[PDB]
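Taking the form deposited in one PDB entry, here's one chain by itself in structure tokens.
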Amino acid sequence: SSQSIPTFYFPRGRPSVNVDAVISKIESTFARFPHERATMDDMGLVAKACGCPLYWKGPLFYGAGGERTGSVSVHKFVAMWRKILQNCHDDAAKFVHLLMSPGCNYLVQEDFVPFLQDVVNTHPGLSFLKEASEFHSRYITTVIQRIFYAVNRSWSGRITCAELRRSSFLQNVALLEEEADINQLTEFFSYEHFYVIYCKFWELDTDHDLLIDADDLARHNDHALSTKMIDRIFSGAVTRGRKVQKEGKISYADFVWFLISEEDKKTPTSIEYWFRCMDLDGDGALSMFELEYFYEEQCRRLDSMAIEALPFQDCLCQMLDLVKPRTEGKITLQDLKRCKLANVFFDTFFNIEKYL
């Protein structure tokens, strides 16, 4: 039994690495520095001696306690990297253990800030943004939202080793040193994608409180989204907690999720976002009542433009052809992900601009 079925669950993680050789290399690298202390300016070299991509330099300096006084001793740096090397057996685990709060084994939004600060201070694509400023902070927030958007597929707000491993985020960290034009990295770090996103927010937040309400959000893209849908953003369908349901306001961070979901509705995250919004009673199926509720407004809007709307029944028939549900009588989340035209489905029910 315990021979034929060998142990298969490793709370630790499994696998081979010569830690003493890495330690040795770190030690002679620190021997180049005055007092054998590295500044943030030396951490590129240190990163390489650990065998990490350049842009791990911020997390490495921060993990070792460097920022406190602005330098870190060889002894202290070695102590923490040995510990990583002894307990973390792939990049995802290493990265989480560098940034995480002690004993967490997961990353929360705040944990990414030191990394992004270094990215902003270091990358030649972002040099105009080095100073403290409104744009500096928004960019950081925006990139982090986009990290959780793609990586944190459980919506838990805690990025896991498993989730990191399943994404392309670390590959992107590695590419930072190979691409001088940061807009070439479209998945997380793109400056121009941030700029578009922030402008869309800026022009709604006319009092500049970092808080947007249903009236504000309704103005977005010349009121392209229906009012019934705008309302659902404030319902608790897509936000943690009770604040949004009570205040009818969302933050900048929440707006980034809204905007990315609205720009691209074919994405597993966006499909989840809009399904949550459409499933009024939260039973896991879009019912005829739920579809009709959204569609009557589309009709009243098409009317105002002197365009004749498809009657609900013709529209429903088309939508059932489009999605091809697993079981008759229910449109489900799974059906929407598998059909590959979820964007067309969604626009038909709540977006006038894009449906046409």
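Numbering follows the first chain given and starts at 1. Between two forms, the rigid core is defined as the largest C-alpha subset superposing within 1.5 Å. What changes on going to the form deposited in another entry:
- In the overlay on the core between the two forms, a shift of 2 Å or more in CA position is seen for a single residue of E110, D181, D222, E192, which is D222.
- After superposition on the rigid core, the Cα atom of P124 is displaced by less than 2 Å between the two forms.
- If you fit the rigid core between the two forms, you'll see the Cα of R158 move by less than 2 angstroms.
- Superposition on the rigid core between the two forms places the CA atom of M80 less than 2 Å from its counterpart.
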Given for the second form:
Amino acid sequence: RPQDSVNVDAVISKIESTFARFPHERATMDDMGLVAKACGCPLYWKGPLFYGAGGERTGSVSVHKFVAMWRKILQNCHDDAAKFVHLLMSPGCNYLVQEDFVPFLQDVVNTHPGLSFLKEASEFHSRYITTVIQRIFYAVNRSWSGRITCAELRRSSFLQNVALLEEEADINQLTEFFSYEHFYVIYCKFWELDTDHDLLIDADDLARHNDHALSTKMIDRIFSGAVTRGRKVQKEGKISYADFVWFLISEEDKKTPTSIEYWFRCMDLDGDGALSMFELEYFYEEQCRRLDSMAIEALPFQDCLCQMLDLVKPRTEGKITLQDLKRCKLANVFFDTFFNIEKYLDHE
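Switching forms now, from the form deposited in one PDB entry to the form deposited in another entry, please provide the structure.
Shown below: the chain alone.
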């Protein structure tokens, strides 16, 4: 059998032929896989399609409601990225926020063969879901706006991964977003720190994570609001599991575009988009003191600065920009120099 036509009338006709198979021409969630195929969508769009047509409100979706919606989508959305954003977005918002992904991911948990074991343990559903969503925004939401647009989604590999869910029974093969194994490792590291089990960790806890390799001034910036995704205004002195995920991923690889932005935001004390000499010295100050505790005589700030200027080659004298750090391709060295002491554990 040859491929289906792509045009509007043909697609609508195919949808109608599919709904004609349903009692009362209303689709339940169990029918939505067939509906996804009629739409030329990957299987795991079934949840988004159902919720998109308000299925959660009445328990089913009539052909008339679904067709009217899909007509609109085909009029407004030329590609998969546009269609996906349209399905998940809140009315009034031309973008996706973290919470928009929850029903989709819950359906993935409820139905994907690779998560069957997890499905019967709803205790950890939300934490798995939270983890996947963090990894999605970490990779996709390059503007740090908290709002994923069609353009951002289009530039990512996210939808490719969604399409692959139906092809891979072992979800752990899909390492970028959905991997349960990646979630497990991340969660267990959080668990080690959260010793009183209140699902929050403080600065003392966070310092333990890599054996006090990060300076206390940098640890304090993690708690400042500079990188929090939770939009909280007050300095609460504790961070959530969700924010820990962002820290862990950033700390383990300081070379990725998102991670460079993460550490840049922390160093950018006044949040003006440039690292001033005051800001660099503020951090390097503590590095020297820590190095002293290890019988290492640190370079004076101006000597260290010579080497960093040569490493980074910033465009404008007197400041280091995010663009400078990305272009030098050695931002991890820059960051480590200013706030990371790998073998600080061995200090005497």
